[PDB]
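Read the single chain below, which is given as structure tokens and is the form deposited without its partner chain.
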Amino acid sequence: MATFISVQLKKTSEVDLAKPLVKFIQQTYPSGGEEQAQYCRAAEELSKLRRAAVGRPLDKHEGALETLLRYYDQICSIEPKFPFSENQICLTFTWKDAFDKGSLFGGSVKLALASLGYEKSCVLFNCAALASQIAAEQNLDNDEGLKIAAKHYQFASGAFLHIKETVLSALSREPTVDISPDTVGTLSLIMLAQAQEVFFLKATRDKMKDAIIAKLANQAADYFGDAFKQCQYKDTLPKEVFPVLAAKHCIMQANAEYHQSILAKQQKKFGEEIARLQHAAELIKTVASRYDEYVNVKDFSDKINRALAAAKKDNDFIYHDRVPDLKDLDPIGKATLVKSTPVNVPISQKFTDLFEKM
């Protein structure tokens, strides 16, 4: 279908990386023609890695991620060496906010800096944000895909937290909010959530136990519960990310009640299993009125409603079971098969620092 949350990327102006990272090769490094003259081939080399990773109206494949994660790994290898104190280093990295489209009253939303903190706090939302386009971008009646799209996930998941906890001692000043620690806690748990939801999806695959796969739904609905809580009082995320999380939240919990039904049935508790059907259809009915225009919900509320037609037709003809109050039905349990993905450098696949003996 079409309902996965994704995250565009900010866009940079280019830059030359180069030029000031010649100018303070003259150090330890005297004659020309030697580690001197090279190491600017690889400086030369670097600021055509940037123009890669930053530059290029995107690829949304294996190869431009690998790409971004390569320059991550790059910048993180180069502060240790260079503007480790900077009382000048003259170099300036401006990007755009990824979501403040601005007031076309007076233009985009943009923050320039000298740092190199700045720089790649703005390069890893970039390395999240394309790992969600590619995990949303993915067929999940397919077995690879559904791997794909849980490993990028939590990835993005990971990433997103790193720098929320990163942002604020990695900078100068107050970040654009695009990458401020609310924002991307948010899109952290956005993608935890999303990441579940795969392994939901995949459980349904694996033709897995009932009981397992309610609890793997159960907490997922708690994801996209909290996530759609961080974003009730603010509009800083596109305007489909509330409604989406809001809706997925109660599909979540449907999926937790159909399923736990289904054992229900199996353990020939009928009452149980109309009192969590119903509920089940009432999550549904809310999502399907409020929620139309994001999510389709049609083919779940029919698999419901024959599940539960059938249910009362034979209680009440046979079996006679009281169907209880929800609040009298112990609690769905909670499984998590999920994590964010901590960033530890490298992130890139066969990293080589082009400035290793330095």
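Numbering follows the first chain given and starts at 1. Between two forms, the rigid core is defined as the largest C-alpha subset superposing within 1.5 Å. Compared with the form solved in complex with its partner chain:
In the core-aligned comparison between these two forms, the C-alpha of 34 is the only one from 299, 293, 62, 34 that shifts by 2 Å or more. Superposed on the core, the two forms barely differ at residue 142: its CA moves less than 2 Å between these two forms. Once the rigid core is used as the reference frame, the Cα position of residue 240 differs between these two forms by less than 2 Å. Taking the rigid core as fixed, one finds a CA shift for residue 88 of 2 Å or more between these two forms.
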Contents of the next structure:
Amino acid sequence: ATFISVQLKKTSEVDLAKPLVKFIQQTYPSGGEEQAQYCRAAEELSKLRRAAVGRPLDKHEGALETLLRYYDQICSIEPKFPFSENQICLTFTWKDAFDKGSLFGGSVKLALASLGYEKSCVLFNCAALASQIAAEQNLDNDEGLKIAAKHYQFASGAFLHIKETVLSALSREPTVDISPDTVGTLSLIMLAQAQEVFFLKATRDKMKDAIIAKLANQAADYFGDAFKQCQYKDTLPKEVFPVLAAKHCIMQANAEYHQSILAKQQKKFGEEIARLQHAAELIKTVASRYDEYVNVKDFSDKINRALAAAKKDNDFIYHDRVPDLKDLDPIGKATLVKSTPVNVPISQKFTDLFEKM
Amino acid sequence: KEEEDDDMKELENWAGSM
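Having seen the form deposited without its partner chain, can you show the form solved in complex with its partner chain?
Shown next: the complete complex, the earlier chain at its head.
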């Protein structure tokens, strides 16, 4: 199993308190003892930023809920200080998730006095960490599967929320990592892996071959489209394009392999052989082109075992004509997977720290 | 097709229980 996940964006420590302590008294007069409610609490928010975006990470629900909490919070803090005319002074500096920068002095950074920019990069890290948690799941068990599928669909919907949002939300030209192109592609990647997780669930549950083939066929589409978005781009890490190329073929081969079990079941022995020849050809291409990225050995053997048996008996007994691929019916497509919309609150049991403001 | 109910449905339930 070879799953793609995204590295978290770096940020630098900022004193979120100082710049907000000030902009709290206006025609809210209480300069006596009342304002200090919106202050011990407006730096529970500051230590929350440091917890959310501050340490090297736990890849568990612990660290993820903190990031989600922090995202919920900034979204709620937005209109309090009417930020259509921004006059709170705060500058958030984030490093590009992907761009190295030349070792001709330093990385690729962007500093912006914006809540827009902040909530964007935070949601990036929520999506990215969720992708990391998904990829670490043990897929040999049902709850491993359930958690990977849940988080891949979350990360897909969250990268996609950034796509439709970064440009309006920000003033400047985004870094390439959060720009709509990169993030539309990450979103598709996550959605493809979520679909793969469903195929892997049908496979564990030894569900019907017709079903597994339609799940596999839809995954091949998602992976196909994602690699096409990366063909002419070198934004994402180098392993990404070859992994997506290989899984587009592996998923096509799974579709053909399972649809071939259905053929055999229905005594269409020539169609069985034709589908299995396709599957072996796909897997042979992956084995020779992408082998430093995937191990396709057991599957290749399994196909080659079914093909050999099918051919012996067709040549000896049935003498069905092996049809041409273009004369076979298309395998269907079954999608079981959506980009999860971002609707604050996204964190579990959220309470707004500034709810009475 | 009486199991393509029984299989598709039980993943649409796995799905909603997320």
